[PDB]
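Listed next as structure tokens is one chain, alone, in the form deposited without the partner chain.
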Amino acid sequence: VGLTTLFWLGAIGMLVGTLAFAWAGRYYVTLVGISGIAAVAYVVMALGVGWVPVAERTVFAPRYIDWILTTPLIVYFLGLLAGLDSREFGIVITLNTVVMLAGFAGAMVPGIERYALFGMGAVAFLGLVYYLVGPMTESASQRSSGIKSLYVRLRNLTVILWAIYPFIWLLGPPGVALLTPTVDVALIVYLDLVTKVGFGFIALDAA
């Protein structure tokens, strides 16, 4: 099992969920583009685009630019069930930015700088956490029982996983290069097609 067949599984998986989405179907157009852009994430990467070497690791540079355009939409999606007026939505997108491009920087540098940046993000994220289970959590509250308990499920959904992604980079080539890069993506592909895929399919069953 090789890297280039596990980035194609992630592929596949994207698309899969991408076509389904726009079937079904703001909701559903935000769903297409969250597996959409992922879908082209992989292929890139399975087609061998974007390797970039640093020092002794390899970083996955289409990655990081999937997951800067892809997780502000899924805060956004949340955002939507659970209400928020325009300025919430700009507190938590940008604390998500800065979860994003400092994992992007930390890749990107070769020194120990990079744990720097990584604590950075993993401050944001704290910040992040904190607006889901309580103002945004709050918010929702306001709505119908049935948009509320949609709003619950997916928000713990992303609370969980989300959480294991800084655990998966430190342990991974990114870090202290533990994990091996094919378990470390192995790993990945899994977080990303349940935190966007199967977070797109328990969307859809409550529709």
Contents of the next structure:
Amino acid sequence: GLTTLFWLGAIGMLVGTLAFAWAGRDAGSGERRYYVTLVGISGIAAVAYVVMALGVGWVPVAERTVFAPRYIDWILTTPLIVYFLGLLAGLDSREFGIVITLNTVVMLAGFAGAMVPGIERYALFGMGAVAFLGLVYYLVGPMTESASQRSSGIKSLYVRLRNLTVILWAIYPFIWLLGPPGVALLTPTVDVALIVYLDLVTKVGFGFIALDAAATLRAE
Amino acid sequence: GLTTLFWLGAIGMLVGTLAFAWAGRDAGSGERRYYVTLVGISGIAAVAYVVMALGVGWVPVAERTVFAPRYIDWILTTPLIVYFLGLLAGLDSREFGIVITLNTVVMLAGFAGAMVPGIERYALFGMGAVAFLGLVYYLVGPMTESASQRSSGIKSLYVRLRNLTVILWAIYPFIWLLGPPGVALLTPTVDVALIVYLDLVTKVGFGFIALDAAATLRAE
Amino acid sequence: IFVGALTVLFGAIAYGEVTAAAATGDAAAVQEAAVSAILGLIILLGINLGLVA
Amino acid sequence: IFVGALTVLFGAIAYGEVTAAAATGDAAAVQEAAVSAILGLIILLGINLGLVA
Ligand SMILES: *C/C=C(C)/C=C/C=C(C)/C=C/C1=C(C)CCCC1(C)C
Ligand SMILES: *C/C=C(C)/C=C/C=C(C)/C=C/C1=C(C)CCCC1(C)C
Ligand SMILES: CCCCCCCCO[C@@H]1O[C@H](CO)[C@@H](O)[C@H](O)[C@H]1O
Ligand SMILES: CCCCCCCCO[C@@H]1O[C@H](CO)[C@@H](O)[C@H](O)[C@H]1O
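Since the one above is the form deposited without the partner chain, can you give the form solved in complex with the partner chain too?
Zooming out: every chain and molecule, the one shown earlier first.
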């Protein structure tokens, strides 16, 4: 039922990708980047799910099953989500560089740990967990302050997307620890189903919330 | 772990009983009946849970375990809850007689069905289910209209307690069908735990909501 | 926190049954405890949702 | 309805694993699928709650 779950993830990401592309067809010169980023976020995820649905990238590591495309997906898409949040917050190059750096450590850490048999994987997890707390600090602190300098509508959207992000992203590390990568209490099937749900919400749900605010922002 | 669960139910009901008795210590001549009813509702339930915690009233019927005190409890306490709701709604003798009659059919039906081996138990369940729909009609229709003739505070409390009642009571028949009385998909332990939770909310939770509104009603 | 704590408590109780059943070695006994746990958790969600509403 | 429907879908998937495992006759295999189902449902509640919030 794994392939079936991966196909559902692919379909969900595809629907989102198309909706975002269509919704941004007539976007102004200032909204453009936002729509394009959303397309890239869900588009790359759709590819990762298709690759896994086709049975590619499955890695039977020390009596467990980890999926390489899942982590590759994250390494490339989460920084785009952070970029989107950063654009709303109005960050400069330096500030973007800081959060992208932190985000990348998180994703590379989970990927490396997932491929590492033995207790060493937990040290790698720790590296990612600490970087993640640092990322959360920037999102709720400095970046929120930066967002406060924008319009009420922008600040409002930033906050909604940031909350969704902080709260749901915080769940992934528990699934990593409880799933195949860690103590393997969750079966590959349950692990994949929970991630499909979380991925769809953090990418497609995230996008629809932005699309829903578009008209209000233009009116401002 | 059954006895442990029954003791928790007893303790929870006891705490509620004492809280309601204490809260009504200085109740006026018009609030008195309300506090007394709450005491009776949770007090009788506390006795039923103690009896079951002591291993009394357990009935091993045709490869399943049903608990006589549970049903006896319901037959005697649910009509007191309906009475409390009826008092807020301002019902007359006739109207009280109608809802109490309907309520009693529901409880007697579930009790009889629980003690009846074979498909006949489902006909008994049906009798209770239909009577229950009739009871829900009176609660949301005629009695709500009657409650609308009272103060805004009374109507407000009636509605809150009625919603809690209609929504949660509707769950019991599913637990009956899925639990030991019906298809027995839920183990006795899970069945008892869910009922302890529902009983505490429909009686003690119900009472604390009323206690919380007391001061506002007096101010009116 | 309330619903969350309770859901955890219920899961623990459910887990206790599964574990106890597993100790017997009877796959059917484990299945029974498991189906019960799953249906119980779903009902618990119904209760919690109804309460919130 | 959304969270409710999904919780039902998840339970069904979880049930599928328990049932499949039971077919083998290995009490340990059933236990593994069951613990997974229980923990999964609890996490699902976390997700749903986080989403609502
Ligand atoms: C599109 C998919 C998303 C939004 C994925 C988010 C993934 C995370 C927030 C993962 C976090 C992890 C940690 C904090 C610790 C190390 C292990 C990870 C990679 C599971
Ligand atoms: C204090 C305990 C309470 C509020 C118990 C409420 C019980 C019910 C609403 C039971 C209802 C049933 C049906 C509608 C159909 C037949 C079987 C029952 C008795 C489980
Ligand atoms: C569907 C997603 C719609 C996102 C709309 C985001 C609107 C943010 O607002 C835009 O931010 C830009 C930042 O450089 C500014 O240059 C634009 O003038 C401003 O309108
Ligand atoms: C803790 C529970 C407190 C319940 C307070 C209910 C107050 C309802 O209000 C009371 O209803 C009576 C009905 O006969 C009237 O006679 C009283 O005058 C009126 O104050």
